[PDB]
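Encoded as structure tokens, the structure appears first; notes follow it.
Heads up, this is only part of the complex; the chains shown haven't been moved.
To keep things simple, chains are lettered A and B as they appear, and every chain counts its residues starting from 1.
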Amino acid sequence: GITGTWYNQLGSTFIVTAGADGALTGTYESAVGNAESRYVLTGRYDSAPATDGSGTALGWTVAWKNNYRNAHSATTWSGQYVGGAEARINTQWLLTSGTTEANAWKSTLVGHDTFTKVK
Amino acid sequence: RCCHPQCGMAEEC
């Protein structure tokens, strides 16, 4: 139920494939999805979740560098997949930028994204 | 308005 295209509420598109081994591989891109806006994503998920109605734990990372741009930062999303008619992936994320030692205290932003199968 | 890939940037700033 995880493999496929996901959309958040910020205009971003998440395309991912869930391997039988627990691997998550894919691309994170803008609403448009031009070459310069595509970034590699890699992650892991629980390939054998509980059957009591609990969500499926997962997480992935995207370093904001591709063959055209580099934002010297990386974001990690941590959350869970919930199946059903209204399937969604609820996450909280951490975006860390490369900084000098003096600015290390303000190097990390925190937020939350909800991804759905429909725009 | 958005100048970082995270907020859905498409056009460079």
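One rule holds in what follows: contacts are C-beta pairs under 8 Å (C-beta built on N, C-alpha and C of every residue); 3 or more make two chains touch, one makes a residue touch a chain.
Chemist: In the whole complex, which copy numbers belong to the chains shown here?
Modeler: A x4, B x4
Methods note: only the chains that are shown with their structure count from here on.
Chemist: Need the CA-centroid distance for the pair subunit A / subunit B, whole Å please.
Modeler: 17
Chemist: Under the touch definition given earlier, write down the residues of subunit B that touch subunit A in their complex.
Modeler: 4-10, 12
Chemist: Report the residues of subunit A in contact with subunit B in the complex, numbered from low to high.
Modeler: Result: residues 10-12, 28, 30-32, 34, 36-37, 39, 62, 64, 69, 71, 73, 75, 95 of subunit A touch subunit B.
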